[PDB]
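Novice: For reference, the chains in residue letters:
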Amino acid sequence: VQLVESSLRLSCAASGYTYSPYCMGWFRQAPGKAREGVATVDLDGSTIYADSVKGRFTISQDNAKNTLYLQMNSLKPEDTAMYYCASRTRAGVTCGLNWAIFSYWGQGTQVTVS
Amino acid sequence: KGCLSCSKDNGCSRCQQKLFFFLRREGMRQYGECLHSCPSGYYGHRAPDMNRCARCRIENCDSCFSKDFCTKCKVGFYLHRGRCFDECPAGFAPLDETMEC
Amino acid sequence: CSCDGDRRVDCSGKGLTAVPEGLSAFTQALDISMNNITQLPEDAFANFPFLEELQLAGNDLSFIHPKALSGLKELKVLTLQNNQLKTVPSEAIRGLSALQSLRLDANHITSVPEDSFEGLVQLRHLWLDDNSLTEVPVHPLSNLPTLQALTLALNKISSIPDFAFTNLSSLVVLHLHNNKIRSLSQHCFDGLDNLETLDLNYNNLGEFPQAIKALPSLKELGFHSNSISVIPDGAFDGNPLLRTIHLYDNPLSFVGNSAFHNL
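These protein sequences, in sequence, are chains E, G and A. As numbered in the deposited numbering, residues 21 to 26, 442 to 549 make up the first sequence, in order. As numbered in the deposited numbering, residues 41 to 141 make up the second sequence, in order. As numbered in the deposited numbering, residues 33 to 295 make up the third sequence, in order.
With the rest of the complex left out, here is chain E:
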């Protein structure tokens, strides 16, 4: 039931559920504002990015090892925030970069640039 989170490598060690990942998504949180999604994949593999992410980042997830991967590219100062891992078990909701539809949130990691 618990979710543990680890040019960067952002890995989300999925231990909460047992199998069949559904709507795995990454959320960046700004310190004072809301948190919004940057990339979300579905069980089939379809991915949804945002306008500031298409062509800059990517999203990788394997159902064999059940591990979420996130790769950053083209680092910029504005991208530094507190990034969180989110997952959903029960189906029935269309995917999308929305924080209201995910039941399990990772502890989150603070990301800077260099």
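Relax, there's no trap hidden among the hints.
What follows is a set of in silico ranges between Cβ atoms, one per label pair, in the way DEER data are often shown:
#1 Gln242/A <-> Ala87/G: 22 to 32 Å
#2 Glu140/G <-> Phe82/A: 14 to 24 Å
#3 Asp486/E <-> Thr49/A: 28 to 38 Å
#4 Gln545/E <-> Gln242/A: 55 to 65 Å
#5 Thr515/E <-> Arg121/G: 49 to 59 Å
#6 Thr49/A <-> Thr493/E: 33 to 43 Å
#7 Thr515/E <-> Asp225/A: 54 to 64 Å
Covered stretches of chain E (chain A as the covering partner; in silico rule of three or more C-beta atoms under 8 Å from a C-beta of chain A):
#8 467 to 478
#9 522 to 530
#10 535 to 542
None of these hints come from the bench; they were simulated from the model. Yeah, the Cβ is synthetic: ideal placement off N, Cα and C, and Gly gets one too.
Here the structure of chain E is known, so what remains is to put chains G and A in place on it, guided by the hints.
Specialist: Here is chains G and A on its own, set in the frame of chain E:
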């Protein structure tokens, strides 16, 4: 205060875009200020220009939802749909020890 | 904060950015509006699960953890009128079996997930007043057969889809006034019964909604600030309980001789 203009003799004249505007008169002076919710025995009524916290008119109502729908009735009457009845018609729970019907 | 003998603790006036810690787990009401809670922590309300009202207003609440509202089975009135959360919280809300009033009006709402309003069985009123909606939630509202009041006041709704209000038979009063409804299908209200108030005040309708005659119970009918040219004859026929029709401020042309009978 709550609003922005808030003249020191007339109250807060023009409130904000998402707060209500309730005219509190005590003694002689009458003034108003921005409120997040209607205090009690009033029903909020949003509008694209000025949110007015109007007064209820349904009797035996301590807190309402609209000009005709009462949310919490008086301590002596139970509510059936939106009114404050004294008689509970058949097919419904009499009071359920919680003043309802 | 300031405890009351009625178990109504009011913490509005501290400006705190978290839940009131150290409060007795015996209080019933909790008012927090002056303070600014930019984020609701997980299980921050596990300390006092014996409350029934939660006045959380004016806070720039941008996020609410799915588990933050777990275990509040005694909560009855949830008020979140003025906030910044965008989507209706479908995971935080799901799990409340005693909730009766869900106020989510001022916080801007662009979307609402399909599984929203799931498991709610005691809901009687919910406000969605001022938030940019564009589609009436049909399936999301289908899970609420027990509400008695529903307001969609300040939005940008364009049209009402057919049978968009079907399951919620126990509805009483509906508000759709200050948005910009363009036209209604002739089966939009089909299934609605014991409806009393219906407001279509400022939304510009084309000619006239013929779907009104589907409901046999009706007392008020507010459609004034819209632009109606001709009222067809016998329009108020299936609703013989009318007592107040607001039809001013319309460029009316021809009401028709047979337009008012046994009202």
